[PDB]
Amino acid sequence: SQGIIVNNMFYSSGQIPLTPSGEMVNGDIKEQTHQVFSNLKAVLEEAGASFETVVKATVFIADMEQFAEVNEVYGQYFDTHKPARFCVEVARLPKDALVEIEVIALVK
Amino acid sequence: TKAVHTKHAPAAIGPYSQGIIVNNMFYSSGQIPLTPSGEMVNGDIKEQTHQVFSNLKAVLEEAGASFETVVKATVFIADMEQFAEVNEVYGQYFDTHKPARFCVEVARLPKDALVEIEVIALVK
Amino acid sequence: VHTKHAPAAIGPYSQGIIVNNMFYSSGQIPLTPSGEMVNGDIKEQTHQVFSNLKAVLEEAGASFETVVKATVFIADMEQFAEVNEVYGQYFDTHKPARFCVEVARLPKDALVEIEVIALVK
Amino acid sequence: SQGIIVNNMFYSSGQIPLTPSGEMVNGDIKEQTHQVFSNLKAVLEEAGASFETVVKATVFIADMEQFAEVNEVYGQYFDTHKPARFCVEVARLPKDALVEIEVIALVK
Ligand SMILES: [Cl-]
Ligand SMILES: [Cl-]
Ligand SMILES: [Cl-]
Ligand SMILES: [Cl-]
Ligand SMILES: [Cl-]
Ligand SMILES: [Cl-]
Ligand SMILES: [Cl-]
Ligand SMILES: [Cl-]
Ligand SMILES: [Cl-]
Ligand SMILES: [Cl-]
Ligand SMILES: [Mg+2]
Ligand SMILES: [Mg+2]
Ligand SMILES: [Mg+2]
Ligand SMILES: [Zn+2]
Ligand SMILES: [Zn+2]
Ligand SMILES: [Zn+2]
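Residue numbers (this note's numbering), protein chains in the order written: chain A, 1 to 108; chain P, 109 to 232; chain Z, 233 to 353; chain E, 354 to 461.
Hints were generated in silico from the structure; no laboratory data involved. Treat each hint with caution, since some may be false.
Said to hold, decoys possible - Derived pair list, reagent style DSSO-like, types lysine-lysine, alpha-carbon separation capped at 27 Å:
hint, chain 1, residue 1, chain 2, residue 2
1, E, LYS409, Z, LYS275
2, A, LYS82, P, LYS206
3, E, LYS461, E, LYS435
4, A, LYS41, E, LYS448
5, Z, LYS301, E, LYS461
6, E, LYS409, Z, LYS327
7, E, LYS448, Z, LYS301
8, A, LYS41, Z, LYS301
9, E, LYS409, P, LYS232
10, A, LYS82, P, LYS110
11, E, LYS435, Z, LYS301
12, P, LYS206, E, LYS409
13, E, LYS435, Z, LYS327
14, A, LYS95, E, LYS448
15, E, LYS461, P, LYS206
16, Z, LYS340, E, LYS409
17, A, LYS30, A, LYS41
18, Z, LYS340, E, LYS435
Put together the whole structure using the sequences plus the hints.
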């Protein structure tokens, strides 16, 4: 699975910049972040949630200096409701991933 | 053009408003935009953020830490749309060093306060 | 069953915030109705904290059963076990999905402080 | 490979109940938890840290009812030293994994 639902709340696993072919997406951190968001969109919908019901997002990043660029993409998908809480953490990510995002969302 | 913000003098450090040191790590209390005379600093969210950073610097130094040793910052904010402005000030104190973790939360803050920040830092 | 404590009268700035469907409490401390800190061991303080939590949850249209996260602040991590004995009396059949404990500088005479996140029904 | 070191802090990846041969340990959540701690010990050691310099632990489990049993074991390795921050949270773990722990420790 791609997460767990407990007590009306979906706790996703981390979504990475993976395309449906199994390759890491081509391009810069923005391109990767867009793919992370396509992957989140699908797991959120599957769970009965959406970008508008995310209460917390956690951004795992290879380099904290790249956060401004991730955040530009983040704001396009969370353009109706910015999550009330977010965290950003430097982490060791899978090979060629520059960004990974997990979310906590209310299930309607 | 080079841009500087004039550094604010810090609030007086109270005995329960500083923080605690455990196992070489300093865990600050949340610092709010109070000036040396105990009132909220004048001005917008950026001015309030500058005051918070001044107050942080004071408590970090008292604890034997500094901005360079901050490994986590949590920003408590009245309104998430004001994050961009807070982060503009954040980047002036955490310029050459960015803490490895940071979090932002919408929160209920004391009257007139638009921002509060707490830090975790390594005691050298 | 422990004697219920009388909740403090909590001011507008100490009763937290609702953002969309979620209530985010401020940290509740062992304050009594008379404005003084509980005089008693950490378990009595924790019971006080829980009655203050009960009051702020109910005013927000939430309850202990809708708490999805709790964070306990304590001066000494050695005291966690006793706080947790009390925690389990209020969070008995329902256990919040996330739970943290942190060492912190607390207000004068407070041995424990608790914040919660809860769904507004 | 596993985790990362930033500014004197080691941030481990989540350690699961796998033996050195890659097999999921036999037995209850307590036995699994002991294996997670052997695994944690190895990665802390590699990073130049120890249980004594762990400043935060996060425990992942499938159901929060499992916590008291995990914590009995946690208290054996974190006895005279108790990490200053401790979180527990529900998550989707790997097939057959009942428990997963990640730590943050000071690198002396
Ligand atoms: Cl873009
Ligand atoms: Cl400065
Ligand atoms: Cl850092
Ligand atoms: Cl400025
Ligand atoms: Cl953290
Ligand atoms: Cl829950
Ligand atoms: Cl009791
Ligand atoms: Cl060890
Ligand atoms: Cl510690
Ligand atoms: Cl055992
Ligand atoms: Mg939209
Ligand atoms: Mg908090
Ligand atoms: Mg984590
Ligand atoms: Zn694209
Ligand atoms: Zn100023
Ligand atoms: Zn009592």
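Structure-based check of all given hints:
no.	hint	in the structure
1	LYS409(E) x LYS275(Z)	24 Å, holds
2	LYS82(A) x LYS206(P)	23 Å, holds
3	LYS461(E) x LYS435(E)	18 Å, holds
4	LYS41(A) x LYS448(E)	24 Å, holds
5	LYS301(Z) x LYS461(E)	33 Å, violated
6	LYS409(E) x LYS327(Z)	22 Å, holds
7	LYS448(E) x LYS301(Z)	26 Å, holds
8	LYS41(A) x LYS301(Z)	24 Å, holds
9	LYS409(E) x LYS232(P)	19 Å, holds
10	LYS82(A) x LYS110(P)	32 Å, violated
11	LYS435(E) x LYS301(Z)	22 Å, holds
12	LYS206(P) x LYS409(E)	20 Å, holds
13	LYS435(E) x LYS327(Z)	23 Å, holds
14	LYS95(A) x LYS448(E)	23 Å, holds
15	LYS461(E) x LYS206(P)	21 Å, holds
16	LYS340(Z) x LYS409(E)	26 Å, holds
17	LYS30(A) x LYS41(A)	16 Å, holds
18	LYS340(Z) x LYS435(E)	24 Å, holds
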